[PDB]
Amino acid sequence: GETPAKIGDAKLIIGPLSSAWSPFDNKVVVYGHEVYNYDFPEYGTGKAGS
Amino acid sequence: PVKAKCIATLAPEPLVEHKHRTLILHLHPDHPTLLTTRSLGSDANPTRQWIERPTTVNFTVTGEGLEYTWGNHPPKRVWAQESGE
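One line per chain: the protein sequences are Y and F, in this order.
Quick note on numbering: the UniProt record's numbering labels position 24 of the first sequence as 975, and the sequence is numbered without any gaps.
Quick note on numbering: the UniProt record's numbering labels position 46 of the second sequence as 627, and the sequence is numbered without any gaps.
Among these hints, one or two may not hold up.
Here are some chain F residues pointing at chain Y (derived, C-beta under 8 Å) [what the hints assert, rightly or not]:
1. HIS609
2. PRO635
3. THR636
A few chain Y residues that don't get close to chain F, going by computed Cβ distances all over 10 Å [unchecked claim]:
4. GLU953
5. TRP972
6. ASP976
Computed spacing ranges between beta-carbons, pair by pair [to be verified]:
7. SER973/Y - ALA625/F: 29 to 39 Å
8. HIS612/F - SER973/Y: 34 to 44 Å
9. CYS587/F - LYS978/Y: 39 to 49 Å
10. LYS998/Y - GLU648/F: 50 to 60 Å
11. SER664/F - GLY995/Y: 23 to 33 Å
No lab work stands behind these hints, which were simulated from the structure alone.
We put the beta carbon where it would ideally sit given N, CA and C, even for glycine.
From just these sequences and the hints, can you work out the full model?
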């Protein structure tokens, strides 16, 4: 809520929005286009098969 | 018909995981595998289940021992005494 964007002629300031729901979780896996908000175990640890 | 020893089957090894008198076993076969056990008490309490879908299973092992048969892979055996300190 202090960024303008003088594109056109008008100067416009937006937000910050109140609805801070990031639909992404903290931990996310990503695949090509299908995005999975998955609790991936970690680098360095993942159990075999898992 | 003769008693040939076919070149024959084998299922991928299990993932042994410890718990207190309990075997968690994350398991992941190639094909449907008949697993089964024998709680070696005079209470047998055996189990049988064909496993084709990978499955984390559980086995309440007793004090004296249990055995474990991942397919025609040879039978395993396990001391589960305490682990609760």
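Against the structure, the hints:
no., hint, verdict
1, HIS609, "4 Å, holds"
2, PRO635, "7 Å, holds"
3, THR636, "11 Å, violated"
4, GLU953, "52 Å, holds"
5, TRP972, "33 Å, holds"
6, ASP976, "23 Å, holds"
7, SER973/Y - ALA625/F: 29 to 39 Å, "54 Å, violated"
8, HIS612/F - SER973/Y: 34 to 44 Å, "43 Å, holds"
9, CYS587/F - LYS978/Y: 39 to 49 Å, "47 Å, holds"
10, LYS998/Y - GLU648/F: 50 to 60 Å, "24 Å, violated"
11, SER664/F - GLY995/Y: 23 to 33 Å, "26 Å, holds"
Violated hints, in rising order: 3, 7 and 10; the structure is consistent with all others.
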